[PDB]
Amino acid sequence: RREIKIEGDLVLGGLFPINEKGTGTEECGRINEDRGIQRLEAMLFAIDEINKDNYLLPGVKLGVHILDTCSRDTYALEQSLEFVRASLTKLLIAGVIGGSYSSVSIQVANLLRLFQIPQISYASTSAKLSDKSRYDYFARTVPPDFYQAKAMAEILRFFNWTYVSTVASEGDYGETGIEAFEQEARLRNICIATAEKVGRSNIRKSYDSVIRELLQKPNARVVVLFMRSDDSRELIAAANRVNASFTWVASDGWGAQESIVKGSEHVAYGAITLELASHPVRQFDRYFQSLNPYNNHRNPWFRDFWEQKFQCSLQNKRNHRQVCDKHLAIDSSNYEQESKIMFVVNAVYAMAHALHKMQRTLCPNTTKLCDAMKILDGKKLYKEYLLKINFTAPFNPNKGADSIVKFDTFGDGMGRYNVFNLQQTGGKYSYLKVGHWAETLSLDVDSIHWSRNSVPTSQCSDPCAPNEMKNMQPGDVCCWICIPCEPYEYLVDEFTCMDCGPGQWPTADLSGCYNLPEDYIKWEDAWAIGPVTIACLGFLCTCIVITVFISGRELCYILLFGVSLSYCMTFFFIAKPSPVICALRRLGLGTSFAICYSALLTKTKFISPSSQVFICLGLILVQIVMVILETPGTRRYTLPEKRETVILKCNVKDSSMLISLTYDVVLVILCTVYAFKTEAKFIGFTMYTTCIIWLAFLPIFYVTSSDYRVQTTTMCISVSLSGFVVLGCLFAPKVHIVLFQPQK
């Protein structure tokens, strides 16, 4: 019963969410101050200007039949029948400036298409409405949501927010808007933590309940809101009750409205919102601010709008009529243009230009309506003129940013968006443009005020440490686990790690492998150094015995050579092992063995036996023909358990050394039964005892087969022990005779 009707040659219908959707009991609730009245006056402002100028339908006066949708599709369909009552076969509306809600526009488009009434819809961004095979009389001055979904996944990719949660309003704007976003999120490798839907249906969860589900997954600290204006207002309220806090990535449903966050700015602080690219209509705000509840009689809802805006009473709102000041008026202090005001004016002018071009075609003789337009053809108006319209946007400077009002082949606008940030200015909140999106996002990250004073991170799992690997479970991208690889495996990639080569450390960066260092007994071996001094001390004792003198002299020379060789071999064996000098250590054992053979040969005329005694020993075969070992190469000793432990192992296993030296160890048995021959009796007893000590030492080294570093000292101990026996026993008769008896 409440409507706007203005007489005119051609009448344009208009659907505006003038009053916000009511509760369950009341179909129509409070008034929509920004998105229901400013837009309504924008249509009225455009129609006044269209009739004012003489270049757009000068001979035709444009009338209006504007209704209210109450933000409900069912209510919108109820009112929309007035546009079609006179159109039955039996005001003859030429066109309809479509609804401001995707559900409302879709509902009314399904009806108007039957009667061939073209519909231009500002602010309706559902991607379903671009299906021209179903809505064949529908065009919009705003882009679809197929582009807004791109502008979100790009923002969620610029900041590596790969683990996000989605909340979407029920209907067509939210269901299809979030359906395209999850498609654009999959391409950019973004994982949806959880997807929820809110609305007034019984299936939908409560706003507190959906808030809990967002909090259940604390890793995803950003949520994307493809929600309507009322749901966005209420969801932020539900986050105030729980006192939660997220980073809000919002759509044009939220947009750049201060009223959504009114009172709950604490949780909505640092929000990222995607408003369509638009500019204020400067001529419009002059028209709007001049309005008063006394002259705007043509607008029925304006009287109620005046009361609600200023919280005063015109006649009986506060049981009286004195609260509303007579001098009070709309000004820049309390008024800010709705973002989609240009898209309403362009929508109205698109209809006028379509008729104006058609009028110049069907009625060229007269500027007024001719007989061809007594009955109007909707299909001709839409397909030929409206769908191919092209003009400079009125009331906008021709700076190129205003661009054109052209529709594309789908009857849609250009996909350009702005990015806003909710910031606090000394206790006052506002939206600041922090980027845009024409085809690639360009964000001014330095000016963004974040919710927690730092760039939010929304990742399913934390990055893995350099010592840690990760793997992809089937169907997941953003979620992994951090398994630390064992200190011997190495990382070819973060996806898999496996062992290096034997005796090969996996470097420090762990992405490569390098051979483990070889270990050998250095000069730090005090015990080995101490035996070396003892071996040198034994040589000094032999030299003292030699210095004392000056039977046969062959025994003295042979005994001296063996003892010195045994002492010298200990120092040589304690040196740094090498593959070239591997045979020297093997030869070192033979040098002591040759000395032992000489003692047996000497103990067993006299001048002749000396030549056959040393020669009989073999002389170690001239050191195996001047000698590099029995095994041509020296092996790096590596255990199955690496543990950063590698030993230098010569080719010889230290097993055949008991054969070459064992030749001189068998003559002691023949001297075991030897007796008398005095004073040669004492010499034989010492030699037998000396051979006994050598046998015990050999089993000790054989027992210590493992622990080469420890077993290495066994050879030094055996070498020192052998020298003591040879020097103590063989040199003992000389010490007790030459030194013991001063006669010599």
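We call the rigid core whatever largest set of C-alpha positions still superposes within 1.5 Å between the two forms. Residue numbers count along the first chain shown, from 1. First, how it differs from the form deposited in another entry.
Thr533 is the only residue from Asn110, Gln283, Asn292, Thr533 whose Cα shifts by 2 Å or more between the two forms, the rigid core being superposed. Relative to the superposed core, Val738 undergoes a Cα shift of 2 Å or more between the two forms. Put the two forms on the same core and the Cα of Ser722 is off by 2 Å or more between the two forms. Taking the rigid core as fixed, one finds a CA shift for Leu381 smaller than 2 Å between the two forms.
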Second form
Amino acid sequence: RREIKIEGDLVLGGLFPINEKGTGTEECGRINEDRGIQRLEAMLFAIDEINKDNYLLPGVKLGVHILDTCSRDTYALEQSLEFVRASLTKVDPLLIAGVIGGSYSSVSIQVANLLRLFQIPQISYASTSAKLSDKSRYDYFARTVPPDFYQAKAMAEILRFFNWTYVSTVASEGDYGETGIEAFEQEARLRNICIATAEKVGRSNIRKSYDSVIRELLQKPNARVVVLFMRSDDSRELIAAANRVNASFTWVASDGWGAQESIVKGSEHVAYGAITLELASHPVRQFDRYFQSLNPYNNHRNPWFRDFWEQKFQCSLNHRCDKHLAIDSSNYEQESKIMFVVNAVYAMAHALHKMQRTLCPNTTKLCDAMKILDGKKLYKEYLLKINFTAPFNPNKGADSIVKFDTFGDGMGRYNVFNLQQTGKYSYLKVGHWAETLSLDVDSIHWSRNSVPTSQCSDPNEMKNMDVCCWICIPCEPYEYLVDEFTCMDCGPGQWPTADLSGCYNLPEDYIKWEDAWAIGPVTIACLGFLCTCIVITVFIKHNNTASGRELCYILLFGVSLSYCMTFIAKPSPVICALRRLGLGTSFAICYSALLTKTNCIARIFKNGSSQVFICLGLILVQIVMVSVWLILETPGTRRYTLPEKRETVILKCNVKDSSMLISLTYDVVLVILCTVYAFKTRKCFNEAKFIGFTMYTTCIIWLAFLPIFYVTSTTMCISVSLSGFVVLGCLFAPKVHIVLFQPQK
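Follow the form deposited in one PDB entry with the form deposited in another entry, if you could.
Next comes a single chain, given without company.
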């Protein structure tokens, strides 16, 4: 029953959330101080200016009929019956020309359903919902604010500028809530952003108590950023709930939080470093002088003013204030959406003015054609196509024109704010969004002094798979990352290095390839023993002071050290069939010299020759001839590849054996020398015993080389020393030959 009623030629209706919603069974509680009284006085300020105007409806007078919604749709519908009571019954009164819509989206939707049955146009400030643009249902609705379709974009792009991909969302209940968060999740999918958890709040049948949600947000510590689509009532509670548990996140809030300094009262340190959006606006300078001149004495026409005055100053009319200073800059700051309220009222003023110019061109008063207002004509023809410059706002660009579009909406421009500290707390604009996000990172005061990170999983290891959570799996050094999501093998000899995007570091040693570089050091150590045999053989030759034959055998024994060192022309002489033939001839060369000195010069014939000597020398020549024909292709490498990936064949100047060629060459070389041993075996002479005694050791030495001949990998180097030891053992036979002589010469 409490209202403001100022009569006039034409009457306007208003709906403001002057009183905050009640706690329990009471309808509505305390007084809304910023989004309440201030917005109410803005409409009363504009009406005064319009009646003072001369080019905007100078003949008619504008009246008002302002009610209060108490931030409830059910309470709003009951009040809104006064705007339709006169028109409902007419056959046997105040006829409202239009309604300045409510603030909350649920209130605007509820009223727009009723007024559309009477063809009464409605413009709603501050109500930004995407579902209010469906003109097939709300065919008499318009607004001066952009929809929420553009607010979801502006926050899905801040979460993409910073690489925040794992987030958690909290939304209110109503129509600003679910519809706001339903649009956000579609804009998150297009940018590969994942949602950890999605909760809801409210007042009925949701079961949070604002503490279950806080715990549910703490169950996913990998998501350090929370996206909020909530009203002003729920934003104060959730911050207070987080203060008790002493939690801390970074808050990304829509315009419901806005840039109010009252939501974070008493719980500042839990909201420090927040990031919030707010519609673009410019303060109306003329309004500030109007508000600051008000006091409970001269402001008789405002009924709710007395309740506002006491609540703001903690006085009463519990200290009972007379000489108390009125509203001034020390305790007052203009609300953000005052410009949108003034613009909405002028929208009715210009739309009605064009009606009067056309329908009654002769007179400036209300002609008889205005006795019955046409709601459909005033909306579809006049209101929806207005265009004028914003009053009280000096030209600031493209935002100085008040105009609707095909859906009867506004322009999607936003700001970006951040909560900081200087112990005093305040906001600071650090960004913008006009179809493109353009913010300033440098000035931001972050929550924990560093840019927060929130991704599902942390980043030479494969990582397979949802586009946010992976598993870092390492793979063995014999597999290379073909792509970032797979490592499958690598090269046999090549040893990949650093990132294994390919197979690098071509390994000269791969079993089949001889890495070498260390056998030379082993050869140097082994060369000392070989030189001793040459040195020992040299001393034996000097003791001679027939003779040429003994020297030739020593050369074959001496050639063993050279053959052992070359075991030659290239780094890997074993490669190629000729190399095996060439190596086999050297072994048979020593045997041939010893075999020739055995019976070649030992006269002719106990119980127990030109043809035999020719046949014996023919085999060596044939072996030498085969080796001679293999002069080319003497180089090569030994094939000893084993399942172990690191198989560098350490040998003198690399490992060169021709793989299976050396195996045949090793057996063939024994056969060439075996002819001399076999010939001497048919003697079962003192010199024969020395040859036989040396022959017995040769058979034993060959047996030891047999495991070495089939043993490789080191083991091949040990087997290599076995071949050298065989030459040294053969040199032992030359020592027996020196024994097979006479002293005192």
